[PDB]
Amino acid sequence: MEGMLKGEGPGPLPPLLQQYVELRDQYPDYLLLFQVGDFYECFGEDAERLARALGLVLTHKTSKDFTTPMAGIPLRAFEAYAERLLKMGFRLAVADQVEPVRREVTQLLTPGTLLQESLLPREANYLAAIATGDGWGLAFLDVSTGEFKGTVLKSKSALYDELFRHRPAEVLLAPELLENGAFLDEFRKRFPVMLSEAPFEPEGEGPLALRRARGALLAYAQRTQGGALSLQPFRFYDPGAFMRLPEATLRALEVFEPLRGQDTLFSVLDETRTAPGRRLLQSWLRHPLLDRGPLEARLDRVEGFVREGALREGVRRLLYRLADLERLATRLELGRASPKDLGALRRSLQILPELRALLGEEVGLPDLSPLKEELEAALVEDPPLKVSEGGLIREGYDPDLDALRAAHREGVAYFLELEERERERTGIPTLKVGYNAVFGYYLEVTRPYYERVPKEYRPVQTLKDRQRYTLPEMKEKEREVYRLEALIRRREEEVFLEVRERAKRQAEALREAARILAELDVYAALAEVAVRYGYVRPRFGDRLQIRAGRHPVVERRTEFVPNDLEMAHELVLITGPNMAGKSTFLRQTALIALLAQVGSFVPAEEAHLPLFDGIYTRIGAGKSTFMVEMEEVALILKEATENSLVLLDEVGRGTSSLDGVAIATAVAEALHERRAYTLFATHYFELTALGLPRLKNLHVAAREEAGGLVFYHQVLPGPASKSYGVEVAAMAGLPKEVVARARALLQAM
């Protein structure tokens, strides 16, 4: 309700609450955080919301004709609370007091539009918009980076995969999608991301669905940033031009996220030193390449750093904790760079010369020494972006500012002398000089010396154990001091703005530097990983031949038994007992293929790999488990080509015996005919004898050693000759009698 506040009493709202309600109504989609002193406050129903969400203590804001509930949080703890509130589904509108009893919204906090470094992860934070037309328009925006890109997908499936691959923090759905109760529930069940409203008026040229999705991002984000956004050129892209990595595949392979128990492929490759670099590597992983040319070039760069140890080590040492120049450039362009930002920037530009001396001219790094010297001359060594927005420009930089401060230092020195002269003249070694916004400059005497205070003194305020007096010659000195403090804050602000502007003019140079370094960062990190964990440079061809391949994530935890693999558009069945590494073997094959097509060396002794058009998996655990799996099998059968890598794990399970085998056979045959590279781990000895021309068998076995049965992870040629289902049951502690019947029945069958 507009202008209405929840509480008791008649009378209109007092000034403070009126100002609050007015602001609160200009942003109905957000929780308004109103600054009141050292706190951010919410009133009425909003207080109750903040209180319950954060477990705060509800109080009251009372005036003569109205009393309303109240809850707030300390300014000092803002970021911490904002983060929780954002994660909790809240959208925040921040109203701060405008420097010299007047509040204004300074920030509009939304999960997908965050611009504060402190509330962001190193990785890209995307805002995504979806709209219809000829197919699906999908567009992404990273306000902190300016990254702006999109595409058009023909099927809902492809859309969902493109969406998932980017893990957006917030989604804007077109009106025809928000009204579609069918889509909405399907969408909310699959993507538990915050959904926000936005007008989908078209923008720019191209497919209408894209023009619209793009219109929504811009309109919504501009609102969040209170005006013009700082975006890089919108980039249209074709998912079809890269290796396909559906959601199911990304999850099963734990590329970016763990299924259960930490450690992902990305964490193992987590060796970059800079945020732009981590971002770039994530970008490459997200969309692996299909073209040999660019891949071979990337591999050369990595090989370069592997051979040039001193250089590699030199670069990595220098990039350590280097500031995110790309996001800094964005904060500058938007007129939001803080004094701290400029401090971080000058520090970064002091490292730049070192990187270039090491890297050389061909690298193309910009020379920003002029900017560096300016920041070195202008800023205090530790810019107090927060300490007051003052005490920022160092002495010596600006003459007008220096003169004012010097005038001020004398005023302060004056009162220091006034104090000494007075405690010598009065004999009160305790006599003090202090200032207060209310009484200004005064003299202070403790209770024990009240009878030594001269009569010239005019008492002005009495406290518990002391009293403050005044002296005729003190007034003019006070107001002059206050006059100077105002002039100083004002001048120092002007200088900061001028300094900040000079840094702003170099924004493109900053982005260019950030980009070149991000690449260097990635190549050097892939090289370090390769050298550190023993990775080799892959070679591309039609046949897949891997010697001593290992699962890159798993081997970092235990001693890994490497395995070989040779495939060429074949249906490879892997029989044998579970707990023998069959699953990890399928996954490691996929990870080596993914790494190679990203331009990284791989965990093997030798690896000849084809350039897959995609990796499709059916691995791991209202709709039953069987139907979920059949749905995944359906997508594989519909998307896999002769150039796809397909990984199936126990496909066919979860139903009756016969239907189960009939299904896996039909699926196996379809894949055998598709000419895809298929690794099918199964228990169906029956599939092992289909006799199709490109059908190949492999298996793992177990041996009842000292323990009673030890599963060997060595992948062996030919099909499994034995079944250990019963033996495992016997090992599980199932009654000997029951184990015996099973064997009897097993053989009897």
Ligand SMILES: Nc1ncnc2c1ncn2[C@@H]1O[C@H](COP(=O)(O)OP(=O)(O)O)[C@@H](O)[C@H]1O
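Positions refer to the first chain, counted from 1. Heads up, when I say rigid core I mean the largest set of C-alphas that superpose within 1.5 Å between the two forms. First, how it differs from the form deposited with the ligand bound.
- Just one residue from the list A241, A228, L497, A77 crosses the 2 Å line for C-alpha shift between these two forms on a rigid core fit, and it is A77.
- Relative to the superposed rigid core, the position of the CA of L443 differs between these two forms by 2 Å or more.
- After superposition on the rigid core, the Cα atom of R317 is displaced by less than 2 Å between these two forms.
- Once both forms are overlaid on the rigid core, the distance between the two CA positions of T132 between these two forms is under 2 angstroms.
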The other form holds:
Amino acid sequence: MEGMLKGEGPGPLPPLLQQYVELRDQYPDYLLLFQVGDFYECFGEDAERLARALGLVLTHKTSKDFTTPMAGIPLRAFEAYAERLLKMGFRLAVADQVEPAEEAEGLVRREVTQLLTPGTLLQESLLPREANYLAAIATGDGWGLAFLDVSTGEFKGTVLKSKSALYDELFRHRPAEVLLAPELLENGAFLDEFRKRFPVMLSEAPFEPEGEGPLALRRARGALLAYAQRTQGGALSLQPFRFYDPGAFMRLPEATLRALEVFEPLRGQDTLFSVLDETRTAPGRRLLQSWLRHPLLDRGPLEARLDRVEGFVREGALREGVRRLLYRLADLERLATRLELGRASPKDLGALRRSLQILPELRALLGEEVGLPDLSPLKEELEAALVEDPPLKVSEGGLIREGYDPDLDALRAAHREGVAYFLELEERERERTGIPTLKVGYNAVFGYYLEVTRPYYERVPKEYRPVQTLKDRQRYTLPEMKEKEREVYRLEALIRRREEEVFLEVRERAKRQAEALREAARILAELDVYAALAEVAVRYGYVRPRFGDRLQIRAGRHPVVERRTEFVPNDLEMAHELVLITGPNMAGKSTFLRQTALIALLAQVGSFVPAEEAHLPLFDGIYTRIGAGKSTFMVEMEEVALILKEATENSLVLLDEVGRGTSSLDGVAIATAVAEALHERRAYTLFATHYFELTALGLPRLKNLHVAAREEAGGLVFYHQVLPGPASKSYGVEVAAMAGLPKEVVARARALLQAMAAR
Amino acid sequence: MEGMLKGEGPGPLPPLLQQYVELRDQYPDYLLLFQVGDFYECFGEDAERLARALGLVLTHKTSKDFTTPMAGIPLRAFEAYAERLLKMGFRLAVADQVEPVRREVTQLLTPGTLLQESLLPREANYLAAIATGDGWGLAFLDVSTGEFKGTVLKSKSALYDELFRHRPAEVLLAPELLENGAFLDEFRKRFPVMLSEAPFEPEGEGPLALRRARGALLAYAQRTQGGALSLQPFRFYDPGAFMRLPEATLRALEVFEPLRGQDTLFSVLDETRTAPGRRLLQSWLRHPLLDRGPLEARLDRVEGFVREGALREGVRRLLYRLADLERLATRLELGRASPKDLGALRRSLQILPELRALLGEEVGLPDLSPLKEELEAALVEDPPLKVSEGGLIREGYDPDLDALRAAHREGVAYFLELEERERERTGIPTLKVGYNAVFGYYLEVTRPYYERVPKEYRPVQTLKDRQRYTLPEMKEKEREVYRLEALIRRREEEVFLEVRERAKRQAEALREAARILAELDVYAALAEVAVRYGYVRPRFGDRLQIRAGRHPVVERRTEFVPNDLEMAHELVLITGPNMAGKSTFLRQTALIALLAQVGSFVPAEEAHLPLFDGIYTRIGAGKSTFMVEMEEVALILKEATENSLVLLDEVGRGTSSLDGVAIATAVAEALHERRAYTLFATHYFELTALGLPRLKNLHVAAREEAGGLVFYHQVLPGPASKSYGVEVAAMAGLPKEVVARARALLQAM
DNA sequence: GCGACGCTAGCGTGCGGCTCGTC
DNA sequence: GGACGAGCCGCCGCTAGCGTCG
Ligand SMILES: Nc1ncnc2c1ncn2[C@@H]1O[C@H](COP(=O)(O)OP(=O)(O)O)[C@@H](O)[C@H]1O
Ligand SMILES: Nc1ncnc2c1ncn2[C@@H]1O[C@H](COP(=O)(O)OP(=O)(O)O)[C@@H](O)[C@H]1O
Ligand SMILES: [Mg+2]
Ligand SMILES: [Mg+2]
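Coords for the form deposited with the ligand bound, given the form solved without the ligand:
Up next: the whole complex, starting with the chain shown before.
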């Protein structure tokens, strides 16, 4: 069994290392960072792991019995080192010195304070402005999926019917760590797939049901709570759990977010989110992100969002003011959570004090209608307790302002006089001794001292007690000092105790406003998004969309592509119609399709869009078969299947070249059947194809569009006007030629084309 | 800004920072790493970068009149941060404190001029330079090996190819190229690699563009290896004297790098035991042979080891981990060999005698026993390049050093007697005798014994729990131990240098040895591979006949189905359902031809192959895919000859079905008239019936087992007659109605 | 016939703070 | 001869090695 360390030598394991091993084997998959004084240490193989991983120095901690390896890092840089460690895939186990040193039974009590897992981080410097989720998956009456953001207390979940739905929901939440129920873990089949589709870190957790609701949900939830409660090291700060239904929002499968690069790019470029987000606060960015993850289906609320955006679009003054003020607004939502968790540092409070000072200016600028909570009381006491620049930890320098604590002002009082003492003494001795240069100094090793140079050694009085000798200086001590020096240490010792109590007192003060802090967070976050979305409209020429059943876009453009090129706007009118798009490659087909979806996606999120006039219907979902079964034809077909099994007459469907990847024959066949299917379905379907046949089909709601090329001076020039009607001819041979194909080879091709044309 | 440091305050740069800025300003395009004690430091704006790029602790360097930000890395950790910093596109200038307030630029770390082993791969590491004149000038240099070669290319297309065969680490474009905005905009896009500036004043003879490129390399590399370079005679070569292997083919075939999803022809194939070997073999794969004479000679050598298993196994054992004599030689020649190097060298020399026993005089290895006896006589059984430079020469090697070390030791003894003797008079069995730079030697007494501390003493320094004293009869014996510790350094370094020099006088013998072993290593390894995976010796002749050939890389991962092929300047179409094996087949055919013309055995039973002049592929995936594919095709049509192996994989796709078949037919014809060995996997059954005299059909098929379709991987003769598109959409999950509708449509046509 | 305490010099990650030599 | 390198001690805690309770 386990209970031994890697150290060479016989005899027993020292009292400390003993305590080290005792905790180290309770968290087998965590790198244990042992708190020994002002350093975090690791011994044995664990010490080696560290040294190399962090380039630290490898040393040893020798004892009578044996000698083991040692590696440590100064607490000062804990987080600094933590971050690096986490990014490599380690779970950290922080074992701290619980009870103080001065009052310990020899060996100071040490226990694991917190656990640092990628999906349960609370450390602000270790978190992105974005939401950080822990996700739990379980079975038992369908698929159970739950998320928890330990830093904000967001706690939500649902139950999905298919393995497909689960993966979609999971992929739109971008979980940073996943807990898999017993069943799924065992099943090597599933695990492979999951591990392959979501390269996220996996972790073990007990899936004992918790609360009420579908068995599956209760298990995932419990798993979350079980795990998080363990890494936090105490009760968690949870928000009302949301058992939500993804059927209430617009469907955005994984293939759509990916193909549309809503959150992640295909080529280290921009994404819809990067381009759209100009929020100033972190909760703001989170809100916006949340909105994109689940676009609304309901006209009313979307119109509500659009009014508030339009508001700031008009009030440029106001809009720039609110944004000018939010630049300084801290993550209240997270701060409120750190407080409730009794983790708030003086850094946090200083931050809180600044944010709260912005409130009243926002109140004035927008009016008392914003609903902002009145924290003026809290804000003030903070300004009256904290230094203009709050230090990191309490025991060190001044944290509380002078004049705030009667008990503490008397302490700095006594300390000031006490220090002055030694100053007075200097002059008294420089006289009695007649030694002009006589200094009075201090230092950790010997305490307060009287210093005298060599030229005056024979001039030093009997009374002086030697304490330290240097190259050409000697240091003495009088009895008076010895006393007054301990009066100073007592003070200093009392000054810390109190300064920290006052801090803790004031903190708890802010902790009773946590909920108020939370609601200001929400209000100010919406404020942030509304102004940001407006900022984006103004800067990039977007307009307010109008909803209805007919889609009529005028001068629409791709929101991301136009960011890096003179983009030629285009129009579109659809209505449960089947719109085929033909024309030469490099002309614009694929970009046109993508442009259409993004516009729809932006509108149904409440943002203005990249067009001159945009009348949009409320799509129940955006489905795509763009870009991307051993074969390609099979992979593309599997997608058409999915798209075909969920599209409704209220779905925006975008097909790009469906039918490619096989025989010309099965090509047209499949494409035709498919195009007929989506036609019957009655969804809004944009199909970019190379089978001119599909354009001639005998369908009642079939419309035709095309892009074109003009064979000019230097070959072929592709314009991007998406003109009405079908494409006339294909430009393959022409392109081949342009590509450099030997002139005879091309001419032979033209002859073959014209021969087959002759029937 | 020269003399300017990013900081706050008026007053001049203190003495130190003044020095720093003086060097910093000498190597502008580089990040200057300044030595300060046990760290490499950066100041001002540079410190901010270093801190940024490595995420370090920004702090400040303060003097009365100026404070500037600083950040640094431990002198030790150096080579580890250098790597991160290099990979990030950083060029490094190292400034070391000349072994005892004085600093200078020792090295210049650069992607394509690296000399430090821990920063180099087993493979060659080139610095390339491209210039212009009548045709392109390409020249490669590998400062760690001395390899110096070049050629003159006619087409920018051929340029890129040679540039890619070599995978340079750093490129130097002449000024005409750097100013040509279109080229540079293209070069970066197609060749993501660090581009450096460098003078191009011609050097030597031959074409103007070559001499110029050659000069850039020489001039630039010397700046790096601060002085004369160690280089073997410049080798001018002709890409036309070897089998052509263009970037398209190298990538398509994954000779050196995978399309992601590991395993290259090279990894599978590579089984060498030394770096020179790995380099040799890579060199061969890089330029396959045309001439049967040499090829048959290589195959002869390979067979030698396939027969002599005892020999093969005995040689691969001895070579295990054997050092890189070629690089070692170069470091010695450059005057950069570390004591650790000399130690590695002696180990290598010790093994050399054994290899000669096994092989024999035939081989021609040099007898270096004398150098090996020397190295065994002077070096400790573990030289330490890092540990000072002391504890380097062993006892009894050099009398002078020996006498000094002995005297020193006595001193230490004295300061061990003063200890035993004193506490044996003061009753303080605690009393210590330690030393410190500040005052030299001393006596150390703990707090308790101050009452038992005599007056013959003289305190010099007091500590928390103890105080250190002095004595009269102790100064001399200090000013002596030191005068020696110094001399021991002075002398030991002399001997080390003397010894290092003897090793350096055997540079050629080392290079000659390295080279021979490299061949032996390669032949013996190509033998090992043939014996393990069952490769056969190929035969050369105007007809291609392969009996049961397998894709060499693919098979190491699954049960492979071998196949046959009989070509002869014919157009061989391959139809059949996707997922059956068309693309793999073309590729195995190509890899086999490659292994053969490299002098390796091949993955088959019988392989009679023609000596192709080049293998041109068109396989796999602002510009439409179609246009890119056509450009590749145009390349082949302008290159392929009747002795070329051309592999067309579904050419024609990416456009209309008409233009598709039309283009595809015109190409198939052009290659037919060309008379090259063409394997054309297509979906256009039209090609299958062109009826050309040298056209031929082959296809793969699929059965309808259990649920849907199972693809057998057998390449049968003649064309396929079906397409399983609809059959596949069915398995894909397409709604039965849509599937049925498709079938109705299919037939209806 | 030896378990149990007490006193206390000393080491050691990374790194302020203190000292000292040179001018 | 006030200021600038250049380098050693010790932090906070635990231990081992010594005396000693009796
Ligand atoms: N409306 C447009 N305005 C400006 N550039 C466009 C437009 N549509 C396409 N492009 C350009 O054409 C290139 C892409 O071809 P694309 O139109 O997507 O493919 P195709 O027409 O082959 O489906 C894009 O990278 C972009 O630079
Ligand atoms: N000779 C073979 N033996 C075993 N598997 C093979 C063989 N040739 C091909 N395959 C299989 O086919 C896959 C590749 O199909 P591929 O060669 O690309 O066929 P195609 O181009 O007709 O789609 C391989 O990864 C493997 O699964
Ligand atoms: Mg396209
Ligand atoms: Mg294929």
